[PDB]
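J.: One-letter residues, chain by chain:
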Amino acid sequence: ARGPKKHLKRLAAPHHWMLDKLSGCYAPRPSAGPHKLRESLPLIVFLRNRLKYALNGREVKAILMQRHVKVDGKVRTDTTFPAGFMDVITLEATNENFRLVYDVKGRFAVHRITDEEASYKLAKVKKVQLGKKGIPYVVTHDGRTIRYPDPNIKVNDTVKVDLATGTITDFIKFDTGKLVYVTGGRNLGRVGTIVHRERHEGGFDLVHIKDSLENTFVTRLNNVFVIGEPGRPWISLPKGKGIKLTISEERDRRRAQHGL
Amino acid sequence: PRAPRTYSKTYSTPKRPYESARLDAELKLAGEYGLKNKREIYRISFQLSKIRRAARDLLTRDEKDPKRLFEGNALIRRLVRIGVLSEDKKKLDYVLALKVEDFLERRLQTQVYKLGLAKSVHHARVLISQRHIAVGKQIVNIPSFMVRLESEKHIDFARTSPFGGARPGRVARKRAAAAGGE
Amino acid sequence: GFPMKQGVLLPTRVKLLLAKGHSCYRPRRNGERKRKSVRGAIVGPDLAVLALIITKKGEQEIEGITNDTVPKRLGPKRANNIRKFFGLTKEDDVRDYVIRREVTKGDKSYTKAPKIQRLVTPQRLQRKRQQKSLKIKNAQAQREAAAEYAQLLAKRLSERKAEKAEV
Amino acid sequence: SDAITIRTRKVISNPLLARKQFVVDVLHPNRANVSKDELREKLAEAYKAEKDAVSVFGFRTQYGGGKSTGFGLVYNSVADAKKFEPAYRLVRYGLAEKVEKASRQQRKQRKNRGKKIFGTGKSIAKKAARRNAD
RNA sequence: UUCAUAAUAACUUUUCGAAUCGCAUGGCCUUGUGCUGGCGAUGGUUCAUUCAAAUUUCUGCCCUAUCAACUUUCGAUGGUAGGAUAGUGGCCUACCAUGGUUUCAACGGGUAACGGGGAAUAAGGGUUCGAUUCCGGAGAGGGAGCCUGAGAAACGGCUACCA
RNA sequence: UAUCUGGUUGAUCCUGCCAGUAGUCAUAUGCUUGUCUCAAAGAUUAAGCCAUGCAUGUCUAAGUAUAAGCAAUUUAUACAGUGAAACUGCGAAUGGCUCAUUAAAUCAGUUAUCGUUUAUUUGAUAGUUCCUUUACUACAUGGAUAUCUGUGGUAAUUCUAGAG
Ligand SMILES: [Mg+2]
Ligand SMILES: [Mg+2]
Ligand SMILES: [Mg+2]
Ligand SMILES: [Mg+2]
Ligand SMILES: [Mg+2]
Ligand SMILES: [Mg+2]
Ligand SMILES: [Mg+2]
Ligand SMILES: [Mg+2]
Ligand SMILES: [Mg+2]
Ligand SMILES: [Mg+2]
Ligand SMILES: [Mg+2]
Ligand SMILES: [Mg+2]
Ligand SMILES: [Mg+2]
Ligand SMILES: [Mg+2]
Ligand SMILES: [Mg+2]
Ligand SMILES: [Mg+2]
Ligand SMILES: [Mg+2]
Ligand SMILES: [Mg+2]
Ligand SMILES: [Mg+2]
Ligand SMILES: [Mg+2]
Ligand SMILES: [Mg+2]
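Chains as they are written, first to last, in PDB author numbering: chain E, 2 to 261; chain J, 2 to 183; chain G, 60 to 226; chain Y, 2 to 135.
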């Protein structure tokens with residue numbers, strides 16, 4: 002009905018916002034940005050509901066204004082700016098750097114990171130095409146277009162963007178026996194190896210993934226994000242190395258590592 | 002258009018109103034544990050029934066099957082914590098055999114009575130309502146509080162009120178005042 | 060009340076659909092089109108007022124209209140406009156010939172002067188220069204990138220045509 | 002005994018708002034309700050920072066007395082406190098002073114009235130005068 | 001894929017290619033006030049993307065045969081070409097063909113029918129309800145028609161008629 | 001959380017219903033009604049009609065101030081502090097309400113756009129505007145129009161004419 006929608010009801014929000022059912026009718030709708038609405042994570046949520054540096058929206062706004070938050074080197078001032086997967090959130094005071102990565106369960110984890118890694122962003126390849134004047138460009142599944150790419154970078158390949166300038170420093174080819182991260186579905190937040198790649202030339206390629214504990218699962222190709230060569234990831238993965246325990250196992254862990 | 006609040010009816014009425022034997026049993030139960038209503042009894046029954054439903058379901062699933070192993074185990078643990086199941090009977094099969102008395106013999110009412118502090122159940126109830134009796138230095142107003150077995154060691158009078166040693170208050174104070182200038 | 064719209068002809072009032080551009084109407088939303096009643100361009104026996112612009116002065120005078128003058132309130136704001144008004148030419152500077160207004164609170168004597176718009180500042184010039192530089196720089200960068208790409212292409216083609224030998 | 006054992010639990014140091022934020026847990030014994038001002042003073046004494054650079058809000062008594070739990074922030078300077086703290090809180094404290102608006106309804110009405118005139122209504126006034134006269 | 005893209009042919013009542021703003025006041029002397037240069041705002045081209053958008057595939061709706069034939073002059077089903085549209089298409093127009101749906105209920109009638117998530121009940125199977133907090137969809141007394149705009153056939157916009 | 005009981009007879013066994021029994025984020029209503037927490041609430045009939053008030057406006061170092069506004073005082077003889085108005089920009093297509101229409105329609109899950117439009121967004125990005133190349137606006141082009149100042153029209157309206 003008539004043009005774009007501008008609000009978001011609290012229940013209609015992505016569940017991995019971890020937003021509480023009460024204390025409001027509305028949720029912070031991610032503005033038009035680099036990442037998809039449902040796959041994003043607004044700055045407000047990151048600030049208030051994760052790190053707890055702000056108490057309310059006004060506080061968040063104030064924080065933003067003094068030009069201190071930095072999403073991928075660039076500044077940002079939107080409360081509802083949609084930082085998503087692999088995005089580096091740097092705070093100038095505190096000197097903390099964060100990379101937005103998922104965890105074993107599904108939601109965005111607070112993952113503290115060093116300045117040596119915070120310099121670069123890792124990004125999947127969505128499209129490879131020749132643009133105007135015959136100039137080749139690559140499209141990252143995370144927002145960007147990069148002109149004149151290395152011509153053996155194809156779709157689904159992951160790319161090390163140096164972020165400070167925005168040039169491709171290095172890349173990983175999508176292939177069997179390469180460390181992978183799942184970014185959508187039930188298996189989202191899981192880390193694996195790629196055992197096999199089914200095709201079905203028509204609709205949705207399925208990739209078979211084994212983790213470190215020899216525990217195979219299948220996801221769609223567009224949910225699968227390459228991260229390195231097995232055992233050696235290009236980024237630091239969060240605590241619990243994207244592993245997925247069974248519920249009982251988790252409970253046991255909780256019990257046996259008690260230290261109140 | 003704010004997110005709806007969840008209610009749950011916590012008791013269930015009997016399916017046949019004037020079953021005389023049943024009524025008498027209920028009355029007896031009330032007498033035993035100083036219950037204000039049949040409603041309290043019904044609540045307890047409902048609670049029991051919920052547990053039973055869970056247990057039966059678990060049983061229906063294969064033994065050593067994940068869900069049974071987990072959820073059932075958790076339930077058992079909870080029961081033991083509350084103090085309704087005994088350490089002999091951490092079994093899930095024994096969960097079905099529980100019966101209403103074990104829940105009533107675990108209220109902050111009955112517990113209070115059974116540790117001294119009272120002289121009959123009614124007295125205990127009165128004390129509870131009257132803001133005497135604390136658990137972990139926390140004054141409990143609720144007669145049907147379900148004492149958590151490990152907290153059962155700590156049931157005492159409050160640091161406020163008399164009985165547990167503070168200012169006498171109200172009637173005693175008045176009496177003292179009267180005595181004073183006479 | 061009704062005004063006279065220029066163009067209607069007709070000795071009587073008529074209803075018209077009126078938009079932005081033409082008179083007898085001020086639009087309150089963009090592209091609002093009120094149907095309003097308006098009197099014609101022909102003068103009749105029914106008008107309350109004529110509006111008359113006197114173009115040729117005559118033999119006698121009318122008290123306070125032909126003898127008397129009302130001062131023009133605002134001097135020109137654009138630099139070229141200012142130049143025109145005085146008749147100054149391009150090399151004479153505008154700043155000095157800006158009309159001042161004297162305002163007093165009662166004690167404090169104070170002067171008001173307009174910001175000359177479309178004036179040749181150093182700042183403006185600097186900005187222009189920067190703009191000129193920037194585009195050129197960008198172009199150069201692009202060229203460099205293109206060259207690099209070409210080189211890369213050449214030294215992959217060569218590689219390809221080394222394994223193109225064999226049995 | 003009055004005691005008033007004050008505790009700062011869950012201490013987040015926040016350079017982004019130039020503050021330290023924490024859960025205030027205060028003990029009563031035999032005394033009902035601590036009062037905000039007193040708490041603030043205590044906090045100031047603890048933290049060496051000025052009394053006006055301290056802010057405490059959102060308290061609840063434990064039930065059956067004995068304790069009060071609330072939320073506390075201690076800013077680096079008074080200036081910082083002034084420029085980050087909500088206005089109402091400041092007013093409560095005694096730093097900033099009450100803004101004197103009319104009831105919102107009145108304001109709304111005024112706005113509506115204003116809407117009904119195009120430009121500043123001095124000409125309109127004149128028209129009303131002269132036209133009224135004749 | 002007649003794709004991306006490039007190339008030759010020309011065309012065009014020739015679109016765009018910064019006559020725009022704030023704070024900085026830095027670097028070489030050919031010692032001019034010269035040439036320069038920093039961080040930003042707004043803009044602007046096509047391609048991205050994002051928030052969207054129109055359509056669109058397959059499968060699924062409650063009673064009724066005291067509705068068995070329905071659609072096709074006035075488009076019904078298909079073809080061809082055009083027009084129109086943001087674009088696909090009987091969407092509309094011209095010429096042509098005679099199809100399309102149906103007892104595995106078409107069509108018609110009713111609904112005290114908005115659809116769904118769900119709700120009440122509660123052995124298993126079911127039965128009834130869902131105006132209503134979330135998601136779709138409609139509508140602003142009724143019907144039309146449009147302006148502005150990225151987006152409305154908008155009604156706390158306009159134009160008309162009826163009430 | 002698998003339950004039935006009263007009524008066809010002089011009595012009997014049935015078929016069968018009626019009656020009871022229990023629940024209802026199911027409405028109404030009758031009596032009563034101390035406390036705590038939570039909180040539906042002009043849907044059902046009339047998508048019937050509406051007094052009055054309010055519900056969409058908006059300005060930053062950073063588009064346009066000669067308010068004849070306030071400042072007033074130790075950046076202005078171009079402006080430069082705040083700043084009503086008005087122009088411009090943007091928004092008013094979201095939200096909120098309601099369920100009248102609507103039965104392969106809507107809608108649900110599922111596809112598709114190699115069939116299109118998309119402000120904004122975040123990336124990208126344009127030495128080629130010239131047109132013969134011995135003396136040319138580019139150290140910057142043109143005319144308006146708002147507010148304002150004045151002259152009014154009308155019983156009247158968020159009606160606007162005439163001049164500067
Ligand atoms: Mg495809
Ligand atoms: Mg007391
Ligand atoms: Mg200018
Ligand atoms: Mg093509
Ligand atoms: Mg065609
Ligand atoms: Mg209906
Ligand atoms: Mg229904
Ligand atoms: Mg519904
Ligand atoms: Mg209805
Ligand atoms: Mg109505
Ligand atoms: Mg309408
Ligand atoms: Mg209205
Ligand atoms: Mg509306
Ligand atoms: Mg049955
Ligand atoms: Mg008989
Ligand atoms: Mg008889
Ligand atoms: Mg019955
Ligand atoms: Mg009380
Ligand atoms: Mg109604
Ligand atoms: Mg405007
Ligand atoms: Mg809406």
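To be clear, the hints were calculated from the coordinates, so they are not data collected in a lab. There could be a bad hint or two in this list.
Stated by the list, open to error - Using 16 Å as the maximum straight-line C-alpha spacing, the simulated EDC-like pairs for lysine to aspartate or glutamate come out as follows:
| no. | chain 1 | residue 1 | chain 2 | residue 2 |
| --- | --- | --- | --- | --- |
| 1 | Y | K21 | E | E60 |
| 2 | E | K106 | E | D151 |
| 3 | J | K65 | E | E40 |
| 4 | Y | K83 | E | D163 |
| 5 | Y | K84 | E | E251 |
| 6 | J | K39 | J | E27 |
| 7 | J | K68 | E | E60 |
| 8 | J | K68 | E | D151 |
| 9 | G | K214 | E | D151 |
| 10 | J | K10 | J | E27 |
| 11 | E | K62 | Y | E98 |
J.: Straight-line Cα separation of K83/Y and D163/E no greater than 16 Å?
T.: violated, 40 Å
J.: Hey, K68/J versus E60/E, does the alpha-carbon distance stay inside 16 Å?
T.: violated, 45 Å
J.: Regarding the pair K62/E and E98/Y, is the alpha-carbon distance no greater than 16 Å?
T.: violated, 24 Å
J.: Please work out if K68/J and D151/E have their alpha carbons no farther apart than 16 Å.
T.: violated, 51 Å
J.: If you draw a straight line from the CA of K21/Y to the CA of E60/E, is it 16 Å or shorter?
T.: holds, 14 Å
J.: Can the restraint linking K10/J and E27/J be considered satisfied, given a maximum Cα separation of 16 Å?
T.: Violated: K10/J and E27/J sit about 20 Å apart, past 16 Å.
J.: Check whether the Cα positions of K84/Y and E251/E lie no farther apart than 16 Å.
T.: Judged against 16 Å, a Cα distance of about 46 Å means the pair is violated.
J.: Under the criterion that the straight-line Cα-Cα distance not exceed 16 Å, is the pair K214/G, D151/E satisfied?
T.: Holds - the C-alpha atoms of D151/E and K214/G are around 12 Å apart, at most 16 Å.
J.: Check the hint pairing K106/E with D151/E against an upper bound of 16 Å on the C-alpha distance.
T.: It is violated: about 36 Å lies between the C-alpha atoms, which goes past 16 Å.
J.: Starting from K39/J, check that the Cα of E27/J is at most 16 Å away, please.
T.: holds, 7 Å
J.: Regarding the pair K65/J and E40/E, is the alpha-carbon distance no greater than 16 Å?
T.: violated, 38 Å
Checked against the numbered hints above, the structure violates hints 2, 3, 4, 5, 7, 8, 10 and 11; every other hint is satisfied.
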